[PDB]
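> Go ahead and model the full structure; you've got the sequences and the hints to work with.
What follows is each chain in one-letter form.
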Amino acid sequence: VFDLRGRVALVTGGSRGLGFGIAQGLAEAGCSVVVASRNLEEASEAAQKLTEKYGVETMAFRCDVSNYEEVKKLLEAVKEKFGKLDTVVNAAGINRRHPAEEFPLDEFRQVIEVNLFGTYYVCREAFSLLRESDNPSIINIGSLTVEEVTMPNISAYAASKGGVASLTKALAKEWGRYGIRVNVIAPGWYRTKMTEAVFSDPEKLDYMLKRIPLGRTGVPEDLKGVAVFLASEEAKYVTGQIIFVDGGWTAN
Amino acid sequence: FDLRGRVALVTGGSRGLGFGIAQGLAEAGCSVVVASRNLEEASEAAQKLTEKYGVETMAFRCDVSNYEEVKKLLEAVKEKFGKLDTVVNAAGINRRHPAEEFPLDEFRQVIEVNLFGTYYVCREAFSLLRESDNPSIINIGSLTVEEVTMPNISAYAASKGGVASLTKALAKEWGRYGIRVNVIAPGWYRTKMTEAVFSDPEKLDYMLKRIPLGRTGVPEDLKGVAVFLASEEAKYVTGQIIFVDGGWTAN
Ligand SMILES: NC(=O)c1ccc[n+]([C@@H]2O[C@H](COP(=O)([O-])OP(=O)(O)OC[C@H]3O[C@@H](n4cnc5c(N)ncnc54)[C@H](OP(=O)(O)O)[C@@H]3O)[C@@H](O)[C@H]2O)c1
Ligand SMILES: NC(=O)c1ccc[n+]([C@@H]2O[C@H](COP(=O)([O-])OP(=O)(O)OC[C@H]3O[C@@H](n4cnc5c(N)ncnc54)[C@H](OP(=O)(O)O)[C@@H]3O)[C@@H](O)[C@H]2O)c1
Ligand SMILES: [Mg+2]
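Protein sequence lines correspond, in order, to chains B and A.
Throughout, PDB author numbering is defined as the position within the first sequence, counted from one, plus 3.
Throughout, PDB author numbering is defined as the position within the second sequence, counted from one, plus 4.
If you're looking for bench data, these hints aren't it; they were derived computationally from the structure.
In this text, a Cβ means the ideal position worked out from N, Cα and C, and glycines have one as well.
Among these hints, one or two may not hold up.
What follows is a list of derived Cβ distance ranges for each label pair [what the hints assert, rightly or not]:
no.: 1; chain 1: B; residue 1: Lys239; chain 2: A; residue 2: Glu55; range: 56 to 64 angstroms
no.: 2; chain 1: B; residue 1: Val222; chain 2: A; residue 2: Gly86; range: 48 to 56 angstroms
no.: 3; chain 1: A; residue 1: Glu48; chain 2: B; residue 2: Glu83; range: 56 to 64 angstroms
no.: 4; chain 1: A; residue 1: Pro205; chain 2: B; residue 2: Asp137; range: 49 to 57 angstroms
no.: 5; chain 1: A; residue 1: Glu31; chain 2: B; residue 2: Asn255; range: 17 to 25 angstroms
no.: 6; chain 1: B; residue 1: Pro102; chain 2: A; residue 2: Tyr240; range: 17 to 25 angstroms
no.: 7; chain 1: A; residue 1: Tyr240; chain 2: B; residue 2: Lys87; range: 52 to 60 angstroms
no.: 8; chain 1: B; residue 1: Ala200; chain 2: A; residue 2: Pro155; range: 35 to 43 angstroms
no.: 9; chain 1: B; residue 1: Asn255; chain 2: A; residue 2: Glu151; range: 23 to 31 angstroms
Covered stretches of chain A (chain B as the covering partner; in silico rule of three or more C-beta atoms under 8 angstroms from a C-beta of chain B) [stated by the list, open to error]:
no.: 10; segment: 98-112
no.: 11; segment: 144-151
no.: 12; segment: 169-183
Structure follows, in structure tokens:
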């Protein structure tokens, strides 16, 4: 039980940070893992570390998820390597920080293109394989911004993540009839390349910690359990949900 | 709840829910700028506000998915009135397809209108709203902020959840200027956008089962809440998603 041996997962943004943490969790449970990002060497390095540590089959593929044709090719590559797909983790994401009244318009759309459009494109193109799975599970990565916007200057990102939440609900609704579960993991505050600047400001970090009942920020390992749980047959009656892994942030 | 001397910009004010809201604001004494893609329809809607309520109006053609057109819309508001107190972002579209078959251009287009367009209007309205002693932005959500009751509306749902989170981000950033940003999330109202749903007796029967008040919404149901949120009496209300849904979300 919670065994994912023989399963195949696609992890966008699997080359580092939270996506890599999730990829490790799935590989540790026996899942074969496809790592997609925009840097092929980094994706390949991550894939190779997964095979070395966990003994699972892996593949690396260069894909900008905001580019639909590349997503279509990503999914065709999965089908060719594995012939199957059970689990999608949409962890590819960017952030750009500006006051909303000065936000450059190309950057505003770009953040939504990667975070929201790209997440849709991957779900859309994964559908035909996921329909062939006896245990199909889509895991989208949200953020606290699904519920609350705790920092200034992240309007585009917030928009993208609220969009991912509602998209997740729509897909859960439409694709439940095919047995396809669609859920969001919404992380709290985790030190990564994306959040480095915030973490480097001791005033912001002290404020963050005051709002975390467990008394620490998140590490990638904190996401491994919930990812494996949602991928597994043990979460077969769980769909359309937004699950916060945030040390109690949203409860206080 | 007097809006006399106030100026509102209503996108999607030419018909349906935006028009009902425009009427509510005008009835409370607000001057109204009606913006939509059809100048005749916007102009006629604006003139009906002036005739019925005796307020100053203006109509201006704008496709809210086009940033330069939105910039020009706000220049037009400044030229006509020199001020702006209230923004209602009611411009919106829907396109219905199974998610797995949704055409990619239409998927983006629904988000371009509903979410990017709502953002562009807020962004361009900022400089005038900053000068108001009672600034209030009212974004139009949907049940899809919380729950997706129908199939074939993935793009629309994504747009409206986007709007809800955008609203919170703006409320967060602009609270320091006293600018309130809130969402009115309607339940089910018979309009041009929902006609196809309403025309299916099975679907309508299902919808009414899920409405404690036992009826669908009409544009008049949104007048009070729009006026309330625009008024000086809602000064401590910001970042909220308020459902006007006959109890849908409670059951
Ligand atoms: N860290 C947090 O506190 C936090 C909180 C809530 C949610 N999140 C979310 O968690 C996810 C992972 O972020 P992270 O914190 O782990 O940051 P990260 O270390 O910077 O990882 C982001 C990943 O996405 C990839 N990526 C970015 N744009 C892409 C695109 N267009 N196509 C394909 N891959 C792309 C990156 O690879 P490349 O740069 O090479 O493409 C990388 O593998 C994102 O959805 C983010 O919004 C993070
Ligand atoms: N009816 C409901 O049950 C319901 C429920 C929840 C939310 N809503 C929302 O309520 C709002 C109003 O919709 P409705 O039901 O009243 O539908 P509607 O009768 O079709 O009205 C839509 C309005 O938006 C305008 N519009 C559409 N695209 C535009 C664009 N690109 N630029 C500027 N104006 C644009 C339309 O005018 P032109 O076509 O002339 O541009 C019209 O004034 C929408 O945001 C919708 O999503 C409706
Ligand atoms: Mg909270």
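> Let me make sure I understand: some of the numbered hints might not hold for this structure. Which ones are they, in numerical order?
The structure conflicts with hints 4, 5, although it agrees with all the remaining ones.
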